[PDB]
Amino acid sequence: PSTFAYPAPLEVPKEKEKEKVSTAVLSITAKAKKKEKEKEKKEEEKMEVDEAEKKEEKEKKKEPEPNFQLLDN
Amino acid sequence: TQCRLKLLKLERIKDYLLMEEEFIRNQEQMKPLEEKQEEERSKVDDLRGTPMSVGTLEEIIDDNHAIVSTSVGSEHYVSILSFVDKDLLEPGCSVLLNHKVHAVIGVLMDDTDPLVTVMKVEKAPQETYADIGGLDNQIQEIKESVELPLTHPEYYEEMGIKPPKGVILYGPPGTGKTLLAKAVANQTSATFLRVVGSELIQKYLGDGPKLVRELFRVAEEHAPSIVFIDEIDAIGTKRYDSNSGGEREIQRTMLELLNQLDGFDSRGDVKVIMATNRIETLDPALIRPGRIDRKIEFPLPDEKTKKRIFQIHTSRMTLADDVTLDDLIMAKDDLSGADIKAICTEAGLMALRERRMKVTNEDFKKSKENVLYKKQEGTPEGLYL
Numbered sequence: 808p809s810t811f812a813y814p815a816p817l818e819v820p821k822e823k824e825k826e827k828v829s830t831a832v833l834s835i836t837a838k839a840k841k842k843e844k845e846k847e848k849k850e851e852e853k854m855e856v857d858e859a860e861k862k863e864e865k866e867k868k869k870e871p872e873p874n875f876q877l878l879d880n
Numbered sequence: 056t057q058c059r060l061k062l063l064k065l066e067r068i069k070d071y072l073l074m075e076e077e078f079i080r081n082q083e084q085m086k087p088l089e090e091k092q093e094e095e096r097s098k099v100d101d102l103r104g105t106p107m108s109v110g111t112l113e114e115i116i117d118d119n120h121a122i123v124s125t126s127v128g129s130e131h132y133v134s135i136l137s138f139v140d141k142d143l144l145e146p147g148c149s150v151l152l153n154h155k156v157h158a159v160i161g162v163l164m165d166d167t168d169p170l171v172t173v174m175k176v177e178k179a180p181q182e183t184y185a186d187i188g189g190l191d192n193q194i195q196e197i198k199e200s201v202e203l204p205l206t207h208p209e210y211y212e213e214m215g216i217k218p219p220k221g222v223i224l225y226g227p228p229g230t231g232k233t234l235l236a237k238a239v240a241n242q243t244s245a246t247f248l249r250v251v252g253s254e255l256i257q258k259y260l261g262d263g264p265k266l267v268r269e270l271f272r273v274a275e276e277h278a279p280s281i282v283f284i285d286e287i288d289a290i291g292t293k294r295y296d297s298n299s300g301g302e303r304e305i306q307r308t309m310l311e312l313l314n315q316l317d318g319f320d321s322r323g324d325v326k327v328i329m330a331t332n333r334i335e336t337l338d339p340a341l342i343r344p345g346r347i348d349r350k351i352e353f354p355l356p357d358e359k360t361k362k363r364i365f366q367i368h369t370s371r372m373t374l375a376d377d378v379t380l381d382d383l384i385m386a387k388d389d390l391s392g393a394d395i396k397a398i399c400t401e402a403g404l405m406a407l408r409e410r411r412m413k414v415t416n417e418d419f420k421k422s423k424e425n426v427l428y429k430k431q432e433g434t435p436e437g438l439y440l
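Quick mapping for you: the protein sequence lines, in order, are chains N and I. Each step along the first sequence adds one to the number in the entry's author numbering, with nothing skipped, and position 50 is 857. Each step along the second sequence adds one to the number in the entry's author numbering, with nothing skipped, and position 11 is 66.
Derived by calculation from the structure, the hints in this document are not laboratory data. Each residue gets a CB set at the ideal place from its N, CA and C atoms; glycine is no exception.
Each computed DSS-like pair below joins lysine-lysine, with the alpha-carbon atoms no more than 25 Å apart:
1. N:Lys-846 / I:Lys-61
2. N:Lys-825 / I:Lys-86
3. N:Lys-841 / I:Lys-86
4. I:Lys-86 / N:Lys-823
5. N:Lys-842 / I:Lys-61
6. N:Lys-867 / I:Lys-69
7. I:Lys-64 / N:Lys-848
8. I:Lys-98 / N:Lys-827
9. I:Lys-64 / N:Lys-846
10. I:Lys-69 / N:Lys-846
11. N:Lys-841 / I:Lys-69
12. N:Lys-862 / I:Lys-69
13. I:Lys-86 / N:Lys-821
14. N:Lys-869 / N:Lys-842
15. N:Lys-844 / I:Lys-61
16. N:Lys-825 / N:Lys-868
17. I:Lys-86 / N:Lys-842
18. N:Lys-827 / I:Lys-91
19. N:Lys-840 / I:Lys-64
20. N:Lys-848 / I:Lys-69
21. N:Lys-848 / I:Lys-61
22. I:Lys-64 / N:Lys-842
Quick list of simulated restraints, FRET-style, between CB atoms:
23. N:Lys-869 / I:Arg-80: 26 to 32 Å
24. N:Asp-879 / I:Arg-80: 49 to 55 Å
25. I:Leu-102 / N:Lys-840: 32 to 38 Å
26. I:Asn-314 / N:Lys-840: 54 to 60 Å
27. N:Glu-860 / I:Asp-348: 54 to 60 Å
28. I:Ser-129 / N:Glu-863: 54 to 60 Å
29. N:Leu-833 / I:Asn-119: 40 to 46 Å
30. I:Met-85 / N:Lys-869: 25 to 31 Å
31. N:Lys-867 / I:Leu-136: 43 to 49 Å
32. N:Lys-825 / I:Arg-59: 51 to 57 Å
33. N:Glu-863 / I:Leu-136: 42 to 48 Å
34. N:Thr-830 / I:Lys-178: 35 to 41 Å
35. N:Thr-830 / I:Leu-62: 38 to 44 Å
Pulled from the structure, derived: some chain I residues nowhere near chain N, Cβ distances all over 12 Å:
36. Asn-119
37. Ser-244
38. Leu-341
39. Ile-367
40. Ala-386
Work out the full structure: start from the sequences and follow the hints.
What follows is the structure, given as structure tokens:
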């Protein structure tokens, strides 16, 4: 029952133009802030630091999109 | 030493942070949302075509029109089509022109010519006082005139003495004329302009004098700056002769340099360090005291001075520490500061020839002799004729 189903509502062209602008601001600011911040001393007996105050170094996110392999049947 | 090494740990972290931090601020996260900000970015794209031509702005008139010379074809009477105002503009600057309609889009670049690219060695040397092989007293004269009025006006105002517009270094050569200029230039942490005198000599008609005045203009935009005119005598009073296109050339480039430094008064716009390997046999037409005030003369090192040059040197070196520094100097006879440097370098190289790695007491003795011999053969020896 699930190999031929009702495909999602569309990405559309409209939303595609609109989104990039939004993604642009978040994207530079996150990367610029997150990569630069360290709170680590690597020549120390400690690995990083026992945590003094909270860090801003943080990590990224990944969301893919669902598709199943090449078939027409 | 320790301090110098430490500064590097901070600087290693600094490069990494600065490259990320640059990105969020410059734009594409600080993307123009402001009426003023957006208007300049959008408008220049629309007016601009590609190609463009560079020009240098020959004179401006106050009715919103100006006259420019473009690199290609003729000169143009251009309008100020939007953007920059009259005040912003000045003659002798390089401005950007659209080919479609030549107009001044602006400057904010402190010019841009192939000429300026050669002039800007802008990023400072690591060379600094007492990293030099020099005499203690001699560097401290260069600093007093050039550096000190900017750093502390306090001493100069209370005392009541007049600040100069440059200084002049002249030999006996092999005295570290150039080393001194680089030492002071790092300390100000102001942009260091450099040009060699021969570049300003050419067999083209009239090109030379534009460059000579140009040095002072580029520097003024960047200012404070120190302008290093390496071998001034070259444009000046040392020959290009009267039978190669020198006959016209030298007199014009020399004169052009001499009148602005002199002015009508000692202007005091930008400081200058001028290095010359002599003014000893050369002709008068060069800058005199009381525009650049202090003129610095170098000696030929005596026994007592040789202590100051040598102690600096013995530190990088080794095994001339074992033997007293005083005795070594005494033993050697009078020589110029480049010669003293040369003995010390040569000590390190001669050990390698001996089949030893590096300077020993023995290697140091032999190096003294070799340089001395070159000089003794070249010029008069001991006892009269």
